[PDB]
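The chain below stands alone and is given in structure tokens; this is the form solved without the partner chain.
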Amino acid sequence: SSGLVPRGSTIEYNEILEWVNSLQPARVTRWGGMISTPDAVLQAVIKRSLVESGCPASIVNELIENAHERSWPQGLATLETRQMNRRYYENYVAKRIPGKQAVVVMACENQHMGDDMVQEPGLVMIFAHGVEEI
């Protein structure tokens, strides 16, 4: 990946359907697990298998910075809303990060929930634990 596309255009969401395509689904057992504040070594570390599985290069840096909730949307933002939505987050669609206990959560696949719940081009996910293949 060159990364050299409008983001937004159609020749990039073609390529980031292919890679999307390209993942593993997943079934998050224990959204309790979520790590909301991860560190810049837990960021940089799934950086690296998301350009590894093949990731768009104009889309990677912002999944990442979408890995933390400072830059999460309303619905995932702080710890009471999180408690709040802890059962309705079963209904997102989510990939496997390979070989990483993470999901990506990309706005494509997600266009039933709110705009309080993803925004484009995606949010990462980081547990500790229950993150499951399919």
Second form
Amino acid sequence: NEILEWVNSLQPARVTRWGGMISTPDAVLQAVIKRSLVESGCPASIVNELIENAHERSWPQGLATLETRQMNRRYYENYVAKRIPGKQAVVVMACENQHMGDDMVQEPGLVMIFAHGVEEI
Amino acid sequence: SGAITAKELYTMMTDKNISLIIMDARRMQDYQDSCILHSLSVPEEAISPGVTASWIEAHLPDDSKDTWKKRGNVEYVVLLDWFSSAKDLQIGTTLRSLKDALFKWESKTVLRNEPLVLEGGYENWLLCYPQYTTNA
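May I ask for the structure of the form solved in complex with the partner chain now, the form solved without the partner chain having been displayed?
What follows is the whole complex; the chain from before opens it.
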């Protein structure tokens, strides 16, 4: 479908600074990120939900608090993550991440924004 | 008051007897180029007049938030930028904005002591004590 095609159009991402995560991005940042998602051709059916899930207030339990994120850091390496074009941000899609639990990813996915250290594989 | 010299800060850092957080309010890239060992980046970009401690916190990466939330645990919070001293904390100034967020406006965390401004800033520190700095 339209979702899988978009996901496969994106480049695999490597997060090298988990400690650089921005868990409470402001609206201006969220709009900029959303723009890049839309411009990458993110389907209208999921784009709004992914951007909702770019903030800790909508992240699953395994990511929800700073304390949890510090504890779980070593498990985050196992995420299958795609690069949001031109940004220090990734998408983690539920379809790629069934091996991670429902407390690590929910449908349709989530967005993590970083200060730095996001690379391609 | 509200001040500390480089000598007094060096003595504090070398005598690990007193707890301290050093907050560097220079630009992101300036911090990355060179900063005081173990100092916290509260970048110029994350600071404007009238902002609250928690507004600053929301703009910080995870690792920086950990230190920010622990600011009430330590005896002293030391503030620095490139060139400023405690005399230079006028309205609109980055260090004045940071200090007011830490010590004047509404915050869940009360500091144990008034924040201290490093006299001469990072310019003076670099020349006095470059071995307590990230690049060699």
